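Only one chain is shown below, in structure tokens, and it's the form deposited in one PDB entry.
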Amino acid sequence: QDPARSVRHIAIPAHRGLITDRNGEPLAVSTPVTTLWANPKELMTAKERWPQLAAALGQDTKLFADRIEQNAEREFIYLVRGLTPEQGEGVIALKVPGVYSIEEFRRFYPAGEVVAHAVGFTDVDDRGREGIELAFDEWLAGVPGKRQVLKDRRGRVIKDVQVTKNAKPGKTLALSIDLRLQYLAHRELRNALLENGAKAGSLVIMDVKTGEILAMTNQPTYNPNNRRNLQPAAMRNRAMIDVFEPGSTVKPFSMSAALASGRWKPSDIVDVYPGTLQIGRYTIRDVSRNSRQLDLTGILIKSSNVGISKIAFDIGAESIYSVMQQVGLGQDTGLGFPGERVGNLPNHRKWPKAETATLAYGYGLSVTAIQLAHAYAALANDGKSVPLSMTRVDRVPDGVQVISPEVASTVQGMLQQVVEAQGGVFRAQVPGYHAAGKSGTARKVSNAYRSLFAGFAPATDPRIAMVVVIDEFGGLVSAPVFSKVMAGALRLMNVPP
């Protein structure tokens, strides 16, 4: 026969670490719940109690009985996971032979759908499945404790002996996210999509000094506290996953290369008439074909593919490739979100004219909204790249001077004119401030199109970079979202006009 006595162990679940926004507002909080397990060999001696027990578990009387009878020979099954402590005390109070309790934890997300994708959620075992919860699982999970029990020959717990290992609570995490900006971003992105008959999009706000992600919102979203009817479209962290050719939004990086080459100055003129350029069997065609001479700022205002291609042929694709690589386009973000997409910044030894031109006007690479906001942050931060962070930054990293301060300042002033000049993206203007940026028609890589707006403010002393992505010309839907969210974000951060 089996031993009359055996010393056994039971795990002591650990309290998962608090997630807060950068101002300490809670975003994910461990809620005590009660798990009930049974020894069927003991339960089998108390059948008349089963229907009361089943009703207190919210289980069907016969399905409950069938489950215990089917497991009669086992000494452990779970009865139910994650009752309220009040509910568990009610079941324990029934004193049914063979019913035992374990203290577990369930997450609650106080801000719900507003920050669903960035924070993520946990599975039935309280482990990270999505977002920060996944990326920082090890940090947040802590370490289960251990205690000894004495069991008899039939698996009855006859003594709680001792705790041999204290549970180690998980560690607290303060995100870079500012929930005030996050609520503004979520509201305005949602409202823009509903008003324009669009289904999906994303918005990223970054601190250009610190590399902090201040807001990251995607539509559709979901309530992480009630996933009962959750659609896969809604769980997608689009800002980090959706890859697209960024089109005209990377022409500022092409212009940065041109101004670093020694061959170009802002007052330089390019003739783009008649809005096309034959390069062998290929024709580069401009979206607006009403121009002859354009200065470098006008090439950005008109988004002339011919203009930027002629510059690119003069300076060589390798100069443009290098800037785009150094500002992080097509590169690992280092954020350690499993499944984050890197996109592709193709390289060549010999760049033919076609591939040189498509790189320079943004169809020769694929990026995410995070990478595009990161690149805009570098340009805004007087050309100094700072690592991306989803966590609060107290000591700002040195970062890397990727674009000379002078060139970055000149390109800031060109992008100010894109927003402010006659013929510019006037819907991206931010009353009280100089804003700077560039619209684009992005092409999805998996043709599906996205309306992009990328920019920063204040134009003459930048603090915040922003990318707006609307899945669906001239930012007519993404530019006004930038305008409204930047207007708000700057004042919530007490940025002076």
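Take the two forms, superpose them, and find the largest set of C-alpha atoms that agree within 1.5 Å; that set is the rigid core. Numbering follows the first chain given and starts at 1. Compared with the form deposited in another entry:
- When the chain is split into two rigid parts to describe its motion between the two forms, residue 185 and residue 399 fall into the same part.
- The smaller of the two rigid parts, set against the larger, turns by 15° between the two forms.
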Second form
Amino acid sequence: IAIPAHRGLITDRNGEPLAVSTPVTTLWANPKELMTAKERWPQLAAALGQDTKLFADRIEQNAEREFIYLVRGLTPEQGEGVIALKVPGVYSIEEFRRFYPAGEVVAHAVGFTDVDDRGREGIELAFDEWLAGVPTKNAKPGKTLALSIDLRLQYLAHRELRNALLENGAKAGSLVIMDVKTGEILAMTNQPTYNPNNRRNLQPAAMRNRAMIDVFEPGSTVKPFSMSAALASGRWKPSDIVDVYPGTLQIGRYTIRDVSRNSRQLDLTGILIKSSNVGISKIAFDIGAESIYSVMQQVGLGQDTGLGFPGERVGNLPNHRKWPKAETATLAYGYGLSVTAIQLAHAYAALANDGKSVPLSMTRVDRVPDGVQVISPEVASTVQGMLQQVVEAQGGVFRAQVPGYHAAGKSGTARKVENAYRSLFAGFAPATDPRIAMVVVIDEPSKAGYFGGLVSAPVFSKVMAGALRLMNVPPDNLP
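If the structure you just shared is the form deposited in one PDB entry, then what does the corresponding form deposited in another entry look like?
What comes next is one chain alone, with no partners or other molecules.
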């Protein structure tokens, strides 16, 4: 008997158990031996919770066999209660059942194991070799894995994303919380979600890890990165003015149209506040799409994350030797590419980390890796101040303001090309010394093609406020 291996424990970043192999008890029987004690069967059938006739049927039907299971997955205490009856032919072997104490809250991140206790999805699959040991014959146990997830932030993001969808009647949603300095994924919740313990049913739409496999056109949420390429070109400064009247711009056959068409002159910050597609397009025409593509590619948009998660969609950041005006514009205002919510959070973390990009991590980061300075500290600081103005200035996204803090971020309207409406908000806080980056995705707020609009911003406000408190970040907006 080459003994099996004990599956390693998965915890959150602070040791809270997320996937523990708990001991269970399995009762089996030798039918030829049980046949000599038929008068014990009604008592034994009752202790197993089974019908007297149906239980007697199983034994007599498999009388020539010498091994059948009576019941698997019992608790140690319940298994000893039946063994205490000392019915001839009833034997016991203690097994291991994978249990997930957090249940549906970390379902998509943790994943699950199959019948042969092998990693099938989530972390259970990405670290299956690490969590499963090797099978007298000596058997070594599996190693412990501590995730980057903060279970406190995870519970917060889960219930706030759930409460927001029920309030608006949305079909689905995603929320990613990220530590901008360490690259750690502090929280990643998806709706709808399933219970990995209660897998009698198996709804396929609930097992969808949308934060990593759903791709969408980020829209205005990448305009800060176009602005970053403008500021790094040496041709634009924050006081420069762009004329966006009358809210439309004709480029040959196509016509760029702004969502709000009530502006004429805007400075660079007002282009972000008003979220003008015309304004960001005129900037892109001057600096060229290559400088914008380079920034988006360096912050990870459309790039492999390196997390090794199953089903991870990379997205698509198109590249061209020669960029026409149409492809330049659509890239500049976020409809010329497709990303995941994880990639968008990673890119915002770089901007918040004063322009230094750090590799994503699903496990706890002890030694912080050397970053890549993608955006200069001076340009990153300037864009940070602009995104703070997007949230705090006149006509800005006021629903995203965090009480007692200076928050910064950008709202968008994603499109999955038949097309699908998603509401986006990506941000970080505190604006004056960023610690946390967050991306909120809401699939069709009211309905598919509705008029809800800014629905993700209030979720950003409530979750960021809680995450800053849970991490004891000092308030920097004390009036």
